[PDB]
Amino acid sequence: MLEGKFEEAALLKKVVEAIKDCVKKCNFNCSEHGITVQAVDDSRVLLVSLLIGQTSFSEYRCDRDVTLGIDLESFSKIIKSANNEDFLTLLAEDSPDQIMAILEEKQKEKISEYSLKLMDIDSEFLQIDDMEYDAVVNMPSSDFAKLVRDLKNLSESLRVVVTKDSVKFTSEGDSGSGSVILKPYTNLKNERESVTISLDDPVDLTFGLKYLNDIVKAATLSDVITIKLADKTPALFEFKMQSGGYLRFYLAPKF
Amino acid sequence: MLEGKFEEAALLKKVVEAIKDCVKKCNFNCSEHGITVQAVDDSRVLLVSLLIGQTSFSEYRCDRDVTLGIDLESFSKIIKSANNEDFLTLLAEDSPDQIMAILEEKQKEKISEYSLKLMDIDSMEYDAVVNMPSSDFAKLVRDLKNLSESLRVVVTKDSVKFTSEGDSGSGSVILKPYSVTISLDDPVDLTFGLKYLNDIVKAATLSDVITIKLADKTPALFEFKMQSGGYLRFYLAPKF
Amino acid sequence: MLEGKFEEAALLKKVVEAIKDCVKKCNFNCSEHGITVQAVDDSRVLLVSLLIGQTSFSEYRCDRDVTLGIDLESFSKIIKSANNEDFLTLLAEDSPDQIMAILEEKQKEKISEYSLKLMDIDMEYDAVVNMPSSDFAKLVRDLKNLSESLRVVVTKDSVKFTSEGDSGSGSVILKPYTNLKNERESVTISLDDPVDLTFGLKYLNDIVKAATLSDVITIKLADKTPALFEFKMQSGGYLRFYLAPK
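Chains as they are written, first to last, in this note's numbering: chain A, 1 to 255; chain B, 1 to 240; chain C, 1 to 246.
One or more of the hints may lead you astray.
Taking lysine to any residue and the SDA-like style, the derived pairs with C-alpha atoms no more than 25 Å apart in a straight line are [as the list claims (entries may be wrong)]:
1. C:80 with A:177
2. B:77 with C:152
3. A:152 with A:47
4. B:110 with C:155
5. C:106 with A:191
6. B:217 with B:154
7. B:117 with C:147
8. A:152 with C:72
9. B:80 with C:160
10. A:5 with B:161
11. B:217 with B:156
12. C:160 with C:179
13. B:77 with C:167
14. C:160 with B:104
15. A:80 with B:138
16. B:110 with C:205
17. A:5 with A:105
18. A:217 with A:51
19. C:209 with C:238
20. B:195 with A:113
21. C:144 with B:72
22. B:5 with B:154
The calculated label-pair distances, taken between Cβ atoms and stated as ranges, are [said to hold, decoys possible]:
23. B:47 with C:225: 53 to 59 Å
24. B:24 with C:182: 54 to 60 Å
25. A:128 with B:165: 35 to 41 Å
26. C:160 with A:189: 53 to 59 Å
27. B:1 with C:164: 20 to 26 Å
28. C:182 with A:252: 55 to 61 Å
29. B:149 with C:21: 36 to 42 Å
30. B:25 with C:202: 27 to 33 Å
31. A:149 with C:21: 18 to 24 Å
32. A:254 with C:49: 44 to 50 Å
33. C:25 with B:53: 35 to 41 Å
34. C:21 with A:252: 39 to 45 Å
35. B:149 with A:123: 45 to 51 Å
Hints are computed from structural coordinates only; laboratory data are not their basis.
Even for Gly, the Cβ is constructed at its ideal location relative to N, Cα and C.
Looking at chain A on its own, in the form it has when it is part of the complex:
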């Protein structure tokens, strides 16, 4: 069974918005640990890995695992109705036919109750990869979102070059080229707006800006984006949720 109550709907609204476009449908796997999603986009290039840990809820009971196959388009029309501050409770029975979402307004006598019918993904999507990487970059999600959009105007490729001194993003098309170069630095007031680099080996990889443009919509889930790169390995783009959990994207470079 599933009974998960959020203090605030903001988190689940931001999650559904961040993935709904590159992912049309997916399985929400619920267990005592929390709720997870493993999915791939339609072109089978971009891997999405989500974890909403038990700790992100105020009340969470899932005494028996349940899988919920959910159309994210339909679920977004439901969840978008909620105020960020609303209580939000997800309910599903054992062997469920549907998911229920109940919204409760904080300082109002208003309760909204929604029910979405489930789909059978009828192919559990499995995924596991704790990995070793050549280089790891931590930088503000907002700056990385902005350079992706800005450099998409010039071409469909983003070259990424990491050394101990700097990270360099470049994009060249027929109009002209653009490079954005960041060096490690500390923001003393708010360490989350710092840039850090730790590497074994220098890295030089190219990614399709179409997919990076989808990834960076998750910038609403965390101030910080962790980028992990390896020489012939899918790069990790990680958004850690402060309440506990994460949203991750895996994207192969171009070869």
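Based on the hints, put chains B and C in the right spot on chain A.
Below, chains B and C without anything else, positioned relative to chain A:
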């Protein structure tokens, strides 16, 4: 004749915006007691009833009744030009072919004079009454429109329940007095087209409270009282 | 060659945005005087004249004149990515193939470097009105809703803008005044002759986009000659539009 001065253009601006979508043209009926509008949508399903009483004006002279057939989109382009705090005067002569709108800026040396040509247009007891904030009702109408073309409304002594079902899921919004006020003789169970309700809730600009009155197989009333002294009312038939 | 550094990118951003609609491509002529642009619309009705004087730069060297033919849409994609507060440096070498724009973010170790390839590209007045550019922008937009031409009538005591269409007419009348708290919010009229000219609101709608560059618009009118719409940039320089009446 007609000479009506408003202290502020806000009221007319809100009025024209609230109805211009549901009603593209309509007659303004000026009288010794104020300005009236009775209009029906193209579908002949929605009745719009407007009263701007003479008390809404700082100065109002209408020695003899006059009808002003106005294309609301054209009028909307003129009246949108005004600041909310502008003086606004409406002028029309006997047997008029146009309406005149004079805007005077409070804090500047700016006077604007507009003229729009007229067109010729051709002219109680309820089971339950709900009061709720217009903003809340506007929000649930929009939110549930995403699920269905129909909004079911079910009123009892202890609750009001709005439901909307479709292929992307069902949704129900439940308001309790225990936020909302409810007065009922009979319980009520009516269904309305959300396309029309979506137009009605635009009048939330005129009033923080919406009064909804329903009856078994009667047009429901959606009332927005202007605290200047008029009202904007929408009458909408249920289905079946 | 060109090396001009701005303390803030805001100026160039607003300049590029103000003209990129009326003008698709243009030459940036750089000299020790500064950077200027002279271009005319596709309709051959509107002449755009820009001057970014060297006084608007914190550092400016141009030891030799250079002409930079630039696609403004491409260039806007670049310049709009900058924050207003960013350091902005324009570079070009002698006999250039491209223009370079370097953005430095304040308070960060973040430097963006862009380069776009170049292309080859080729009075006495009766009355002067000064008024807030906001107020002129607003009346243009409001009266564009009723017709495609704006009549302008200037006397010692008033300025009158009218616009008549098949729906209806509308007129806006302004009187001179001095604003004692902020002189820039004044309306001033000084004329030899009264003036009565009509202009296309299609073009005026493009002109008023320059209201981002200055609080004040100066309008200079003469019978049967092009009217001047001037936006003086306080940092030093101007953006001018010349528009023939009908």
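Next item on the list: May I ask which of the numbered hints given earlier this structure violates, with the numbers listed in increasing order?
Entry: Result: hints 22, 24, 33, 35 break, sorted rising.
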